[PDB]
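Take a look at this one chain, the form deposited without this ligand, written out in structure tokens.
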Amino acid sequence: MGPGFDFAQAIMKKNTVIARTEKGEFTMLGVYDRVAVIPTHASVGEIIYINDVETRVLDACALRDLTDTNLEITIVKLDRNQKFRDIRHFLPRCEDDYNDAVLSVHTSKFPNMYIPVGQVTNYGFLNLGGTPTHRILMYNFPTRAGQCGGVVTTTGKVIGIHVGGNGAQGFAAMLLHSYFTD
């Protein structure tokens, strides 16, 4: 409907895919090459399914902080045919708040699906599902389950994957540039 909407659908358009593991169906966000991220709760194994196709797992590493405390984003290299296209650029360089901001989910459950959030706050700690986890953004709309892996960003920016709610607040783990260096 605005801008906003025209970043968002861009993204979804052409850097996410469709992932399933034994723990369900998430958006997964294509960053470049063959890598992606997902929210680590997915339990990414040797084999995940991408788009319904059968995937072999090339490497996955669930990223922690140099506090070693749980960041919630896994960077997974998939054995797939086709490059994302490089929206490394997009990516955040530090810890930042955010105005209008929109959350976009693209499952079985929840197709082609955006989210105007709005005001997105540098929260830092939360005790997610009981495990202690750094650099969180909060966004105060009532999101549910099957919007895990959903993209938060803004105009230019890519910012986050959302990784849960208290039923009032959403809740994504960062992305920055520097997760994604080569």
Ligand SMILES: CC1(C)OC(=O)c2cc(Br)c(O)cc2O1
Contents of the next structure:
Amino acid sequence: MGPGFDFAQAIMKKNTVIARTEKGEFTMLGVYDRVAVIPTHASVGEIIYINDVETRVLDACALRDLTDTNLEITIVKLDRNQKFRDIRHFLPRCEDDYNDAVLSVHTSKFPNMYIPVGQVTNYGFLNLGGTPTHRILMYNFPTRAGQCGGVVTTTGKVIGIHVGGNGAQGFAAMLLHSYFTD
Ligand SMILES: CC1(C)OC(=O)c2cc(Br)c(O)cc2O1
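Please give the corresponding structure for the form solved in complex with this ligand, as opposed to the form deposited without this ligand shown earlier.
After this comes the whole thing, all chains and molecules, with the earlier chain placed first.
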């Protein structure tokens, strides 16, 4: 409908796949080469389904900060025959607050879904499902089961992936450029 939705659509149309694990179907953001991200609660194994194709997992790393605190981001390298468009230059370098964000989801349950969530707070610490978690972003939208892995964008920046909610607020794990240096 406007330039926020334009940037979100550009990311969804080229840089997402549908990931299926034993714990469900997730929006999965591809970042560069065969490297993608997914919430750590997806419990990625040795094999994952990518757009309903059986795919070997070459590497999976559940990220923690240097306090050894959960970040809820797993970086996955996929044995796929095709590379993602490199979007690392759209990742923030530092922790920050944002205005006017969009949460975008693409699954069998929620195809082509875009939500204007408004202001995003650098919330920091969250007890997420009983697990102490750092680098959480918060938005005041009643997000629901099925939106985990959804991409959080502003115009020109990919800032997080949706990892939970409490019925009134939604919570995303930050994406930082430093997670994807090589
Ligand atoms: C009520 C409650 C906790 O129920 C869910 O199952 C749920 C899942 C996601 Br994902 C979310 O953003 C928010 C949610 O709200």
